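Sequences are here, hints too, so could you generate the full structure?
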Amino acid sequence: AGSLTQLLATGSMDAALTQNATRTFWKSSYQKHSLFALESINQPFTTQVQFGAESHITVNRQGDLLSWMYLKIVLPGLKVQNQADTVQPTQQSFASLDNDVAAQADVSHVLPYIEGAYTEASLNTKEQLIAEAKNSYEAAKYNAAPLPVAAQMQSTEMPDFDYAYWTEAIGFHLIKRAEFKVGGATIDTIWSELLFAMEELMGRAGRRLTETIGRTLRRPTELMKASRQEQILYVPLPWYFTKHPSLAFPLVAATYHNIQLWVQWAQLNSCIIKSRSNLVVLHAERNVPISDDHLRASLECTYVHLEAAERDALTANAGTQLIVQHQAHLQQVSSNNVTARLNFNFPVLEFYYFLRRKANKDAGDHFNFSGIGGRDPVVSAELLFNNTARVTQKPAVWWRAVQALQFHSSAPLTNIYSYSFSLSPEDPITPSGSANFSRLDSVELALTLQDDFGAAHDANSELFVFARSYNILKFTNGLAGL
Amino acid sequence: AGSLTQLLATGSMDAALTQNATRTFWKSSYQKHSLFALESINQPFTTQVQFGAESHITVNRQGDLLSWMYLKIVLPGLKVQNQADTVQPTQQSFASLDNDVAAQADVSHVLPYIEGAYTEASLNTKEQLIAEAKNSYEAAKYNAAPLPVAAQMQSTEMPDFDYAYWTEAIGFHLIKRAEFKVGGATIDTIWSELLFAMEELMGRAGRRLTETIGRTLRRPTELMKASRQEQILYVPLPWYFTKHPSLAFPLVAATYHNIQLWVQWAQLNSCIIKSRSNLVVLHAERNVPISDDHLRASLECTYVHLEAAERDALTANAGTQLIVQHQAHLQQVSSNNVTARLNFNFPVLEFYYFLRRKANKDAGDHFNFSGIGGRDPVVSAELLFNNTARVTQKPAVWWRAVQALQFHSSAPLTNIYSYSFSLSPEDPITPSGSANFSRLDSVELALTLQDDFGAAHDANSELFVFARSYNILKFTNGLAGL
Amino acid sequence: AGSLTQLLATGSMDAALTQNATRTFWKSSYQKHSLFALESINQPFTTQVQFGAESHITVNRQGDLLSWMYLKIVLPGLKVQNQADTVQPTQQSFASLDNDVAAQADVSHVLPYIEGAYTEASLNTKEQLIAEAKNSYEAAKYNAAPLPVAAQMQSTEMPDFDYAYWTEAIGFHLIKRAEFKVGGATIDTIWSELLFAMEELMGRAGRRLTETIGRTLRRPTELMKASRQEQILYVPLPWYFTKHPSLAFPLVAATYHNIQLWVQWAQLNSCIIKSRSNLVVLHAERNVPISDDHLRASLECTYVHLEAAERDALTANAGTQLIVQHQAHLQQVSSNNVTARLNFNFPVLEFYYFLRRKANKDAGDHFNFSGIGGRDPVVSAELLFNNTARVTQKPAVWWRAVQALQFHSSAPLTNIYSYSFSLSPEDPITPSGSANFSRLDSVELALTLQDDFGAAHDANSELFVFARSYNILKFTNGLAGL
Amino acid sequence: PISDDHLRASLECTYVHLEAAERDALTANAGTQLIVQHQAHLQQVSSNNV
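Chains as they are written, first to last, in the authors' numbering: chain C6, 11 to 492; chain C5, 11 to 492; chain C4, 11 to 492; chain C2, 299 to 348.
Everything labelled a hint here was simulated from the structure, so no lab data went into it.
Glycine included, every Cβ here is placed at the ideal spot set by N, Cα and C.
All clues stand as given, with none of them false.
Derived SDA-like pairs: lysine to any residue, alpha-carbon spacing no greater than 25 Å straight-line:
id : chain 1 : residue 1 : chain 2 : residue 2
1  : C5      : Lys253    : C5      : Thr312
2  : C4      : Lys235    : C5      : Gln164
3  : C4      : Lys42     : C6      : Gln41
4  : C4      : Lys42     : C5      : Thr330
5  : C4      : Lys253    : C5      : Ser420
6  : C6      : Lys235    : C4      : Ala113
7  : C4      : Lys253    : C5      : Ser442
8  : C5      : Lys235    : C6      : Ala150
9  : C5      : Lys42     : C6      : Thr252
One-sided and incomplete, this derived list gives chain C4 residues near chain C5 with beta-carbon spacing under 7 Å:
id : residue
10 : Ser13
11 : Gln29
12 : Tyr40
13 : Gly87
14 : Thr222
15 : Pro255
Pasting the structure below:
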């Protein structure tokens, strides 16, 4: 009686929701689709792959569309030997944990707050004086309550043996820059720092790229274990056509253009960290000093094979694809107040920004976007259009956590900040907002950074700003162009 | 030959799926949208913000729609001083870890199972006798196999120094109640306990509110670290209009109504936990005793600016929005059998329920919904409509884990139970089932709780029941009303 | 001036995106739906439930559709007693940690690399010699750099007391096979190993089945704690009709067919691991030796009640549902080169494969798909259609991580490999690609495994291959059939 | 020491140049060629019966 009465208890308001219902929950409807197949094919680079060099590949035409694209990287296992035991000790310098430049830079900021005879003190007494000076510095700069000295003395249990390892997220770090080219024109460009920021914000829970890029979430002991043997990494290249099947790049519609991936590789000296400064780093299998020719890479492409009728239709009329392109503003930081002039073009969906200390970069911690003592490097930021506040001054947590909560699949674990003009900037096919930067005379991101950011040992810290913008790729008569 | 043969190998069954295909995977189609912009604007309260008080803000009209809404809370850093060293030691009492009322309440239930001279025993001997009595209690009540005494002796390594900290998820705890008002009518009401339950069930992986609300997942050492300095929290207010862009509140259509947020704040005594009972809690920067006027809050609103044509269309005909409203049944618990009479109205989508021990509340652990010794407080529950079982007796795990698995984005880490009448209760725009409680003469939730729940030291434990219900908000001639 | 200028700054390209816009972000539209209700009902098996037996249930007709289906399993708490203290010590043998067959099998592969007097060595000296021989084995087989001996000596801190526990993910392990039958015909079949693989790949972040199936992510101390008391598990049965509301099984349309669930239960000897070989395992409450009749299970079904008009429409014309069926190829492995001949039928969406060592199975670690020393058991795999490479030789990481990244909600934590022909194999209602195996004369999965896989102590290791295939379920005149 | 980069290879192809009339005829109607393709079955052997 009650359940039937609920179906009868309808009024004029229910008519807007349920009158002439076009859907039922109790019967499945499905759509028929055209026939297609997927094939994954690995392809060698057209030029030699080496650390610090640029390499390119011309993408083969082994199907009708191009869907997924992965850079397959093979890194050798690492071993170490004392320089005294080596017949040829001359190698490039690597970052070493016995010379922690990041810890030395952090100590340099607290030196003015050390009370007593620091120079003559025992090692254990120096560690105590540094921890007390950190409390005095943080009280003076941040009105922070002092932490117990014992809580600041975190011994990272480092192993009592010699090692070397590939840096955190080495699969991204290796790709300093990649360019997707069609007919000799650059269609899009991605950077190592952008790839990491995109994975932090858009990386879905349970599908994080951890193993696929050599990322351990800053657990040095896991990087050491992984680096003792050969590593095979599959780094996704997040081009517009890899984001949705309807955006797959129509190879058949671009028949008269070569499709190329160009990759600028990281220098070998930046890719490795060692336990001690006096160690030589060896290729674990070959027992020779590690060299720039030990980088191996290939391109793994997923091709789509279409039925003849769909292939012929796509060849006759591929039309236009909405694309997202990436733009970059890279700036050196030497002061706590920084203004970035964002000379980006087109309808910008969103931008990302973050800072890297010089000391973190020099320590080989390339994706450590933290400030001094691991703090947030940004105090506040403001966004100006034509000297008018588009976003008034907001604290770092608003740009990092509130923007990520509103617009992104994930909140960043590092100090990555974002701002979206789009309601859904991760939707590759549905435009949901933008600001046209080609119609603004000035776009300025004004930053107030933490105290002493870009001073002394951190002179030439880096500001990264990346923007995502809409453009249109047009296919006509076997040619493709922006 | 094989791939072409697959496209030809079609029969009468494939016609229902692929005949006259209206979609292709090999060409992107996109829709054009109207022009809009988003602006985030921070606004002060109209009344003073203080602990234990009620404050309100009249929301400004700085755009055409209202989308996201965050309560921006600023909490001072905490320090502690001995009461003997303080010129004015008189402060409100705070929960203290040297007087663990929750642990004392748990010990009180096992006192009848202590064999031997408990009163005269050494401290280490008392801890042994309590762990043995816990085994005897759990064997007698639950037929549990005894745990090794050493496995029950979990020392939480508490630091050997003085501290105070803000309670777990302080950003939610501060909001005892918030009311969204339009034209003086309450449109919706949210509670601290509901906000926490909603984040447990609907909080997406990689987008949990942890830092934004001061939540550490019960790691006291992280709460201590965070509480030594100023904290800025961004607490999302999950109103119907914050859930989807098409539900954004049409400011232009409600021109003759004031929009107000009212917030009832938590008492300061409930917000802080200290290491010892004899400590005074100080504002870390000001070096004065912490007081009710040290709470600071503002409202951060995201406005939408529309193109004139869409703004004019929305002003002429905003029509009706489907809304979700929240209802609450709050009850004291003094027995292991509890019947809650759910006097909720309208088409209910779902309800949540959970229990809080008096001892957990008094210990300042406001979101600890566990039973005695951290067990599940519910043994079983039944749902009755007009004295007829709508859901027959089911064990706690069915209401907690099976209902969350079927209908929610996440399973709760705490003892939160749910039940959905909707197939998709997290979809804000598509009704997918409900029960109309305004047409039921009685709705009863019958609970069988764990043994001794609501007895002795837990007299006046709390039952929370929250329901989500459909209603319609109508916009007409510049006015808005339910 | 700028925001209005952006709305005016439109060209011929914007017309494809925004001309005649059919959607606005500033007004919600909702659809009305038909009236329905959900009811969860628990039902006993029609036959006795026992370990190692087959049991069936005839599903009741308590609503119009069948939606969710959970196997509710109740396992007793475990206790242990010395065999010498037991009046009837005769019980089935259980795996024991004092006889670690998996560790003994791993040691057997490194015996040829032990230098010195192993047989006469002290226990601590034998552990050192085994760790050194592991380095020599891994250097010889994999060109691995040696790990420090201290880093290989992981003591799992096992408790110094007697225990027994239910094996990891016991809720899946108990279900050796389940069959969904309609009118005496098997519509679909699921296996324990498939259920685990499906949860690894398709298990969403924050909705993992951990507690619901007794899974701890290989933390033996948590399995021990859980196994001391009665456990209630809710194992989801992932049939086609549980995946989407529009696929709910139409009970009213199948009126003349009995609906049955058949379950083949695991043997009791495979379900329990004990600290020592000389222990008897007891039912914790009853204080009797654990026996095959101590398994309890029931079926929890969610019924849908429809409004009379929708019920009558569905009875008159339920039509056809697209279904996914599961197929299995199970093979013994006795060599490092393995070819699996996949005699699957119908349009296959995707397949999963993985290996289990005999030693891992015999140790009671049923979901440990790792190789020797916890390594990846697959070096490479190739997929052939009619002796032509459909997927050329690819390394294990491509089949495990790249395929999961492209097509699945999660990456597997275990050595589960997949390959999809579908762009969205987790979409239950939208076909997005397949390969028709009923039109291929041969489908071969060729595997190169790690060295010594399937040799000596691992003779009769297992290869599992599972495929997901499309079929059609037809409803006509109160009958249902494939 | 001999290394993997010491392999050198190039492709030597014989091209046919046709008279314009035959080239034009072939461009207009090359039709179909009968081809022979190669297929492979590769198997490991661990027993005297295979």
